[PDB]
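Taking the form deposited without ligand ATP, here's one chain by itself in structure tokens.
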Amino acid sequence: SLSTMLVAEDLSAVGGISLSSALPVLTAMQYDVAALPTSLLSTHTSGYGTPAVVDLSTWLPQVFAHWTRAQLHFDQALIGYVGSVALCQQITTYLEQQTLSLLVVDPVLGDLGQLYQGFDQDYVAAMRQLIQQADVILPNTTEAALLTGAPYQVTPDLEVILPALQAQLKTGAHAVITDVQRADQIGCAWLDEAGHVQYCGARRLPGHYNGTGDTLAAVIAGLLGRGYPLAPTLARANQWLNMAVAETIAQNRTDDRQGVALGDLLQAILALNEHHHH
């Protein structure tokens, strides 16, 4: 492995999203992955009926205490879905104990203008604390508004929302909104060093597919951790996600619940080497 990356997010045994997709992707990108479930589920929460879920709120503190006593050090961290205020707080202080070269947080809170079922303003406040030392955050348009306090807009003014978001981050950090649509494209918008709104996207494909946000975040964290600058990282990540969705469509799947296909993505990674969240 070239470095060690902590990935803390949910693990659903069935469903091909979140940790189940981050593990293969980041392993292929030459990371020693510390794969830390924030929640453990029989299946993901979209289409299988009510899953059987282990509450890990009392476990994560023990994990962090153990890693501390064992003198473990991490180079990078990616934080996805957490799920409770207490766990957000635990993660926040653990990360602060480290000397990470990279922290990426996907501030999972909601979509389509609404908080996910079970999340409230208290959880939003906990998320604002957790993102405070992140190098990169990856909100969607709903999450961007929740984090700044602005009422939801389908198409917010990026010249207003991006500066507001980024000032809630440490100096030099980047707020990246991940679902910005421009004509027939969907992609990422962020501020360059000069404070100008930049965008890159890929042609939007029909349908909706589980695991796209988790896979995007894993790819972005993986590329940044390997030294790629932000702009080319975002360009490549969008292209690779576009490719993964295309492969998913090409598989002519009978079960639409499984997360995005990873095969073409893994191949691209090796070539380079040479309502709830879903």
Second form
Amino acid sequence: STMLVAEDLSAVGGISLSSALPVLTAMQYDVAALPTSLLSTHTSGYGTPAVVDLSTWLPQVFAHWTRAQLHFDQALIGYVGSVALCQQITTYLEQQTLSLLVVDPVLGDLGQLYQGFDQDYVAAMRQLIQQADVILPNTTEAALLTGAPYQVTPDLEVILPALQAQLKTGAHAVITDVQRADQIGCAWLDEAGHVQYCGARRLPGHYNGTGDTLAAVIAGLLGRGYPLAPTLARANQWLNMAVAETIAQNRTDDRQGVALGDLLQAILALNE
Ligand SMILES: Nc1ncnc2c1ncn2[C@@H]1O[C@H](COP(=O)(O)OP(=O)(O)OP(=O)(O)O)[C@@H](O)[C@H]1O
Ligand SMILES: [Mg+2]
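And the form deposited with ligand ATP bound, for comparison with the form deposited without ligand ATP?
Once more the chain from above appears, this time first in line as the rest of the complex follows.
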């Protein structure tokens, strides 16, 4: 099958689209790799990157694909970056008949919207997520989506249903960076409306591209028919492993995204 992946491409950095590609390809997908933005390097640690504004390009891309009669099976949407691009993506996706749409609602972290994002971006995001089968906000994002003031540990019994209220029936809101004791992981509502959690032991440090890889792995697994719970279980273990690998490399450069070798190996093994 074919998966559309629409997110930022940084030439240097090993995150987002650059990490999605190997991952998804190895997971047996033909990837339609669509940059929403093109950068010299990611935005953390290399100084101001050189960036291409793709706002006038994506409409052309979509128009083209349309006339060419291309149809996508699955879609993963990551970092978009502008109100207009979200709008464009939203309508394009509406035209497709997707069996799977996963949207990582990139908006912020540590209680605040990322620089450049305002409440207009937030509203644009709320529109984009309306058809999503799964959304993967972090704790800050969840709050922003619902309009609840940020809480470091929000009440999952409250925020989860609130989020679900914005999604279609049967879709799922999964909060991704939930910390419980020495664990870090994902929380969501099961079919009976009960809060579930699946985590792995938190490792020291902070890494780039973790969210990106998590999203790719989740899309990929779901795309292949794995129920949500087992998907989340595996994704978390896989990320844990990737971060472990990363530490193991004893890197001198803390900017490069999470290592993928072990992850690719795991994917190949699952494949048989
Ligand atoms: N230090 C860590 N140790 C273990 N696992 C981690 C760690 N950091 C992240 N993870 C894993 O990766 C997932 C990604 O969560 P995270 O909160 O980092 O995504 P994110 O908000 O996009 O972060 P990033 O900002 O780097 O994308 C977590 O669910 C967990 O599975
Ligand atoms: Mg994230």
